[PDB]
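Visitor: Take a look at the letters that make up each chain.
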Amino acid sequence: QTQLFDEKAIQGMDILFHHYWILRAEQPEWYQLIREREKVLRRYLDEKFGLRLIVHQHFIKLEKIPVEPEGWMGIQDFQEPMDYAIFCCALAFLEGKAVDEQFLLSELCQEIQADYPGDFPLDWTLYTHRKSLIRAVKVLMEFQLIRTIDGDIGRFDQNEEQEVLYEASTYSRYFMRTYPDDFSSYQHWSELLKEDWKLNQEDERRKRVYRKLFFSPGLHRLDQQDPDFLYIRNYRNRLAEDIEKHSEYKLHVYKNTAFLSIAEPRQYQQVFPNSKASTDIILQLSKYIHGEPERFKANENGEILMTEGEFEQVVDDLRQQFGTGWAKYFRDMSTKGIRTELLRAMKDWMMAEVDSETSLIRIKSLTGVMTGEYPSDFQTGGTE
Amino acid sequence: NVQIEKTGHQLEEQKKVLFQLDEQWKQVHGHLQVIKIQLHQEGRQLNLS
Amino acid sequence: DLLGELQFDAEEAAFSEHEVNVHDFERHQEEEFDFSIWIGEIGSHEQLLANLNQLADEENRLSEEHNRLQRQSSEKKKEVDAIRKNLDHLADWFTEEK
Amino acid sequence: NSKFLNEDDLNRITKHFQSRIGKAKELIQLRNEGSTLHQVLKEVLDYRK
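Chains as they are written, first to last, in this note's numbering: chain F, 1 to 384; chain X, 1 to 49; chain C, 1 to 98; chain V, 1 to 49.
For the record, the hints were derived by calculation from the structure and aren't laboratory data. Each residue gets a CB set at the ideal place from its N, CA and C atoms; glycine is no exception. Hints may contain errors.
Label pairs and their in silico Cβ distance ranges [to be verified]:
1) V:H38 - F:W197: 28 to 34 Å
2) F:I75 - C:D57: 36 to 42 Å
3) X:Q3 - F:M176: 46 to 52 Å
4) C:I39 - F:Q113: 43 to 49 Å
5) F:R173 - V:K23: 42 to 48 Å
Working from the sequences, and respecting the hints, build out all of it.
Guide: And the structure:
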């Protein structure tokens, strides 16, 4: 009697990926499902990805360490570095509280203010600082690191005198993974990656390719001799067969990009396209680029190079043609604002890059996978 | 609807004002950061705040 | 006693040369000692403190200006966000009314 | 003929089959099996491929 990767194991793998961790107290069905196949999941993840699956009494967690960090990966509810700083300081504070210990919001604010490591002090009389603290506490509460004894933190936005009674939950201990050395000896985050891959010298390339495929929306060819892409090219067929066998995804490969598509996305997943209006303009831009191959001839690496002025001209052309159907949010905003918003959206999906030095825009081949248009009857309606 | 349009115009105005205030704030912040960097560089050796 | 006073002053001014200069004086201990180098060192230390004092005053001035600007910008952020919440509330109210 | 084949050809073919053995080891281990070296030989000399 031996275990096999089956519907339950596939479901467990998806649940592991699309959440940070699964809590027994809140996700008993998912926790039970994951645990039953936990042997097979551990085997497969170790052999192919190299991720460490942590199975514990209270939670199950997959330490998703990326190959090359990307903007969309981080905690999205946060919008400024200060939010991350306050989040980390709050964690440091919770290390000082015993399980189920109760502390008031004022104590947490005071400790965060004291520890906050910047040259510029953290001050609660401001609006922005209080808003940052509220976002940090909301993300904390999202992971059930701290429970709320009745009160209201949202009022903290407009009433610094607000008070709340919080409770440190057990999960605070396990939130952050362990680090190789005395972690303080390191000087920059890049040094962490050089460690996490020092443990995976064995078949580093296969784990690299699998992590890039499963994590990132796409995998872009670095140059003509990118080793990851060469690996994918050499083993396209067996990679596709294995991925189809072990998960819902199906592999695609092009001259300048490779990615996994999903046919029936469940509720909890994030996918492109989606409801947000900025995607509509992304699809329209993709179609517009398809329509002038000679003007936007892609270079050998699959990138299309445009300067901010040229991009703004393209966006103006789009506002002229399809703007009638855009969401009212964009219809009312100047060209440069639309350019900024669209470029942020396309950055999240690794569709394009903003060149650090020349401010040149690189539209990656992944954008050309999908194109969108209004129904012809509306477009003729737009003519009326 | 009238109130909505009026508030939308007000919101655009306040957005403009906020952007200019943040421009000034970040200019001053950059200057202050440079000055603190220099002070700490020249004041490094001393056991003094 | 003067040596105790001098050590206290070096501690306050963080004059590390005090120890070195004191011992240099002590490795002669009876000669027609030349204080020129010691006086020069304390002069350089005082000049350094003058420069750091000027930088500290400049930093404090810019810090006051920067706090003024930060509070102004945060107040405008509060107003803008209040208006945006009010607009969203009105939009919901208008959909319900329609 | 192998014996009539000079050392240059032997070196070239040795390089070729070393690379092929590496890629076959990679192909089989993707099946999630344990690639016994015999399986790798069976793959590499599979002239159909």
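Visitor: The structure should be examined with respect to each hint, and the outcome stated for every one.
Guide: Verification of the hints:
| no. | hint | result |
| --- | --- | --- |
| 1 | V:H38 - F:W197: 28 to 34 Å | holds, 32 Å |
| 2 | F:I75 - C:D57: 36 to 42 Å | holds, 41 Å |
| 3 | X:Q3 - F:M176: 46 to 52 Å | holds, 48 Å |
| 4 | C:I39 - F:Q113: 43 to 49 Å | holds, 46 Å |
| 5 | F:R173 - V:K23: 42 to 48 Å | holds, 45 Å |
Going down the numbered hints, you'll see the structure goes against none, and every one checks out.
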